[PDB]
Amino acid sequence: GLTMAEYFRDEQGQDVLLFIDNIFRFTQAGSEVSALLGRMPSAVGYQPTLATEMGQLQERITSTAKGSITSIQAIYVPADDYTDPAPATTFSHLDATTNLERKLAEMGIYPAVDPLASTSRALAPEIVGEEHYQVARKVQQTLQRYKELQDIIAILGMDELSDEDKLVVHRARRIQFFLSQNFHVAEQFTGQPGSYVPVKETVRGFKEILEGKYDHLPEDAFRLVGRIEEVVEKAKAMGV
Amino acid sequence: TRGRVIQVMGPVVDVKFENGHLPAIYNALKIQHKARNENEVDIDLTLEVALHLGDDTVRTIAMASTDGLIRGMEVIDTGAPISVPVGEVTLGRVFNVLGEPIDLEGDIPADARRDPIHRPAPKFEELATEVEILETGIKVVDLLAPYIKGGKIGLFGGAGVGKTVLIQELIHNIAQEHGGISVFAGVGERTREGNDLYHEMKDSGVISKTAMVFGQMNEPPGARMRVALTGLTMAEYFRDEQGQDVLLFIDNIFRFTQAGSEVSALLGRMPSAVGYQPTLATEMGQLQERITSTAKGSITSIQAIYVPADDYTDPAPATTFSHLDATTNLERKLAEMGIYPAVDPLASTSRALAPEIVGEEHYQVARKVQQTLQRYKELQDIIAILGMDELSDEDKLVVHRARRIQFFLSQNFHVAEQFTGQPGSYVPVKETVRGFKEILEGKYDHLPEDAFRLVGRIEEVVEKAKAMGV
Amino acid sequence: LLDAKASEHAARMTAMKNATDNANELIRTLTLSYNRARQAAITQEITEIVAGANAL
Amino acid sequence: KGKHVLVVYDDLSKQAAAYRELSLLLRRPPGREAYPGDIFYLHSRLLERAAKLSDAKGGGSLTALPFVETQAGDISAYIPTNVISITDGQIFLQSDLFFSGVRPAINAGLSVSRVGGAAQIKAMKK
Amino acid sequence: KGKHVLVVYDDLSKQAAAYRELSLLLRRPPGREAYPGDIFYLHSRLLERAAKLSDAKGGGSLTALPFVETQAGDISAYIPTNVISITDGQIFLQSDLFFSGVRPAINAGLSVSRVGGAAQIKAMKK
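If you're matching them up, the sequences are chains F, D, G, C and A in order. So the first sequence is numbered by the deposited numbering: it starts at 232 and just counts up by one. So the second sequence is numbered by the deposited numbering: it starts at 2 and just counts up by one. So the third sequence is numbered by the deposited numbering: it starts at 229 and just counts up by one. So the fourth sequence is numbered by the deposited numbering: it starts at 252 and just counts up by one. So the fifth sequence is numbered by the deposited numbering: it starts at 252 and just counts up by one.
Misleading hints may appear alongside valid ones.
Computed cross-link-like contacts, DSS-like style, restricted to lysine-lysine with a CA-CA straight-line distance of at most 27 angstroms [to be verified]:
#, chain 1, residue 1, chain 2, residue 2
1, D, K210, D, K164
2, D, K334, C, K377
3, D, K153, A, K265
4, D, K203, D, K297
5, C, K376, D, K334
6, C, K377, D, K164
7, C, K373, D, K164
8, D, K164, C, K303
9, D, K164, C, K376
10, D, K297, D, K369
11, D, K334, C, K373
12, C, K308, C, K254
13, F, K378, F, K397
14, G, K245, F, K378
15, C, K308, D, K203
16, C, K303, D, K203
What the hints contain is simulated information worked out from the structure, not anything from laboratory work.
All chains should be built: construct the whole structure from the sequences, respecting the hints.
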């Protein structure tokens with residue numbers, strides 16, 4: 232696939248967009264084959280040459296002066312272990328990463344992306360914007376502070392918290408529920424058409440939520456709603 | 002009767018000799034070569050025999066770098082193990098593993114007597130039949146963790162607490178009171194720390210009573226192995242001939258086992274549970290069993306132990322802990338408060354703190370001091386949060402006396418005179434016991450708190466208070 | 229006032245009992261992962277030892 | 252020659268992994284976690300070359316700042332434990348402090364400088 | 252000969268370690284924690300020779316008090332488990348109680364004696 236893709240951007244300078252279904256099976260097949268070649272096993276039974284074999288393939292997908300290539304890859308995590316050598320050694324080749332969590336998936340939140348683990352190189356004040364940067368930093372700070380109180384909440388309940396902590400939890404729940412979205416593909420299983428949300432619209436919605444404008448609405452109205460304006464109509468349909 | 006080089010596999014070299022002339026185990030070998038042309042490098046190495054193979058082949062361990070070796074070179078057999086000069090010449094000098102001087106003060110004449118590195122342990126009949134206590138002159142050690150004559154002491158602590166100062170004052174006190182000799186050996190430690198310690202000793206003037214051997218981290222494991230044995234064979238001469246009392250300092254014993262674990266992999270031995278060598282216990286015992294007290298003299302050792310990742314179930318700490326008799330712990334919290342030598346009164350324990358050895362009065366005084374300190378420690382959070390108020394009339398007296406005891410636990414050293422002008426003092430066990438008993442009784446409840454800082458004897462507190470205008 | 233004091237005491241007792249129940253619930257969920265890690269350590273170490281021994 | 256040099260190493264774990272791969276390909280017996288037995292020697296040889304010369308040697312100096320990457324904040328791993336016991340101090344960075352608005356997320360409670368005090372001016376010391 | 256004998260073993264873990272060292276040096280296949288496959292047999296063969304003879308044999312008796320040393324207070328290790336699976340009971344000593352000052356520091360919550368009750372006088376039993 233890579234040698235098919237390279238020709239276009241090498242001989243015509245045209246933009247190429249590439250997909251890879253699952254890159255972990257390549258290393259898995261390499262580990263399966265290396266056993267019979269006479270090499271000694273590695274720490275977790277992998278091949279001794281795991282790093283260089285992956286590096287040779289990864290270093291071949293780059294954008295040059297003749298043309299640009301954009302690629303999206305899916306990586307499998309065995310037994311939900313993020314410290315496995317194969318997932319661990321591929322983190323140094325990417326620019327933006329998104330992580331999915333079974334704990335978030337079980338709660339009914341889709342697409343269940345971890346908001347704290349995901350990172351990107353483009354999140355800079357001079358690239359995205361001051362307002363976007365401030366909103367993202369504030370959201371991350373509130374999410375972290377909410378996360379820090381789980382041990383006390385699980386045992387002593389919400390009664391012992393102060394006034395600030397109650398408001399922090401109140402807004403964190405709304406933010407977490409609002410982070411969900413409905414897709415076009417899932418229409419064939421639920422009948423909901425789906426939505427497309429612009430960056431300015433979502434930034435304005437998150438800023439309004441952080442400002443405390445919608446503290447009187449129930450939290451169930453923020454699930455799979457799309458734009459901010461639909462939250463009000465969902466709430467009034469529910470009866471608030 | 003000369004050998005040839007066959008295999009070079011890093012720190013391991015294989016040599017083949019003529020039939021019927023194989024060297025004995027632990028013998029030393031020399032390699033000397035000069036470049037025949039422009040494609041060769043001069044070589045000077047030392048080897049020791051480790052194993053005997055089948056077809057007249059001997060496997061050795063290198064004492065330095067093996068770069069530049071060529072198959073087919075010539076090897077010379079010395080016929081004896083490594084020998085190290087001993088006597089009064091070694092005083093105030095620095096030596097390497099092989100015994101060659103490092104400093105620029107000259108060379109030792111070749112007619113001086115030398116002794117082999119390896120030696121069997123003393124027999125059962127030559128040991129003492131009773132336990133004796135070595136007096137040091139430090140109040141905390143003499144009261145809460147006594148040192149026995151011939152035992153092993155483990156020391157715990159990081160940097161910036163005063164370990165070098167404590168070592169210097171111990172050496173000074175021992176040399177002044179018992180007329181002993183101190184030997185220092187550094188195994189696999191930082192060269193900067195070694196140089197700083199050497200310069201501090203030069204400044205203090207204690208170097209005239211000490212001999213130093215340095216094998217550091219940059220040395221190969223073969224060189225790192227033999228430093229402790231070289232120090233021990235240097236120290237044993239004074240006990241065997243002069244019948245004195247000798248101090249032996251070992252910088253780190255963990256590296257001694259780590260080097261052996263590194264070496265044993267290339268010799269063809271099967272791995273152990275945690276990858277160590279199978280002969281760890283025997284190797285540790287053959288070294289530790291040579292530090293004993295006999296009818297002629299005595300040797301006692303202070304060893305610093307480093308525990309990796311604070312895991313006490315590791316095989317090397319587990320094996321090393323079986324030989325200790327007492328422990329001393331240094332506290333950064335006590336160091337910051339201004340109390341020296343900042344020895345933890347509660348963490349440090351000793352085997353000799355028994356009524357059958359130290360005496361009923363000493364045992365009772367130590368037990369009472371420990372009890373009151375432990376009781377005082379529990380009120381820290383309550384005091385810090387709710388203030389000194391709301392406390393009962395008993396806890397207030399407890400914290401009143403605990404401060405006095407803690408401040409009286411400090412002392413001033415001889416080696417600290419050069420920075421403060423205070424001569425220092427040497428406090429006997431009877432005097433410190435009587436002073437602590439009087440303090441516990443409470444004859445000095447009206448004295449100011451600051452009068453108990455860096456005084457020494459109990460009677461100096463009254464003079465300091467009078468000088469303060471009380 | 230007396231009635232209020234009695235109600236306060238009862239509420240405090242109930243809250244403390246609930247807290248004890250929650251902690252007792254959490255303990256066993258911790259112990260399960262304890263056992264799993266205990267098995268994993270041994271299954272790693274024995275394989276490492278055997279692989280090291282087989283090299284010679 | 253009497254100059255002053257600063258050296259920065261980007262990663263030592265990758266070098267250790269490459270050395271392990273080479274040793275395994277050369278058919279040498281493995282240790283724990285398939286690592287060779289002389290990784291401590293390999294690191295100490297490199298890290299022992301930084302020093303300050305005396306006046307008789309010209310007075311030159313050299314300093315190094317090696318980097319080590321941990322997995323899931325595990326500080327008790329084999330390579331980190333081996334490296335820590337060689338240098339003169341550590342600096343810790345925590346994502347918990349990073350996400351709370353504190354950047355750089357230097358943990359002042361765990362950071363240790365074993366040479367500090369003598370490496371500061373009087374104004375900062377006071 | 253019809254007499255009563257008491258035998259005390261100071262340590263069995265050191266003997267087990269020595270046997271492991273010998274077996275490893277003799278190139279025998281290792282097992283868990285590099286121990287050979289017959290350590291349980293080695294211990295049982297020694298510990299099964301203590302008994303109370305009958306009237307026909309002479310009526311002699313022999314008793315043993317083996318010792319085992321643990322690290323950091325764990326009792327889940329291979330040798331302690333093997334010895335516990337053979338003996339008829341154990342006596343626990345508490346490091347914290349010894350540090351407090353109690354001699355002996357016997358823990359009564361874990362000690363047990365299977366033969367107990369039938370080996371006491373009537374007064375003590377009552």
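Handout entry: Straight-line alpha-carbon gap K334 of chain D to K373 of chain C, limit 27 angstroms
Key = holds (24 angstroms)
Problem - Given hint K297 of chain D paired with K203 of chain D - CA-CA distance at most 27 angstroms - result: violated (32 angstroms)
Practice task
Could you grab the alpha-carbon distance between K164 of chain D and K376 of chain C and see if it respects the 27 angstroms cut-off?
Solution key: holds (23 angstroms)
Practice task
Measure nothing beyond the straight line between the CA atoms of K245 of chain G and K378 of chain F; if it is 27 angstroms or shorter, mark the hint as holding.
Solution key: holds (26 angstroms)
Handout entry: Proposed proximity, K377 of chain C with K334 of chain D (alpha carbon, max 27 angstroms)
Key = holds (21 angstroms)
Problem - Hinted pair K297 of chain D and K369 of chain D, Cα distance within 27 angstroms - result: violated (38 angstroms)
Exercise for the section: Given the hint that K377 of chain C pairs with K164 of chain D, test it: the Cα-Cα distance must not exceed 27 angstroms. Expected result: Cα-Cα ~25 angstroms, so holds.
Handout entry: Restraint status (C-alpha distance of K308 of chain C to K254 of chain C at most 27 angstroms)
Key = holds (12 angstroms)
Handout entry: Holds or violated: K153 of chain D to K265 of chain A, with C-alpha atoms at most 27 angstroms apart
Key = holds (20 angstroms)
Handout entry: Pair hint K210 of chain D and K164 of chain D, alpha-carbon separation not exceeding 27 angstroms
Key = holds (19 angstroms)
Practice task
Take the C-alpha atoms of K308 of chain C and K203 of chain D, compute the straight-line distance between them, and say whether it is at most 27 angstroms.
Solution key: holds (21 angstroms)
Problem - Restraint check for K164 of chain D with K303 of chain C, where alpha carbons must lie at most 27 angstroms apart - result: holds (23 angstroms)
Going through the hint list in order, the structure does not satisfy hints 4, 10.
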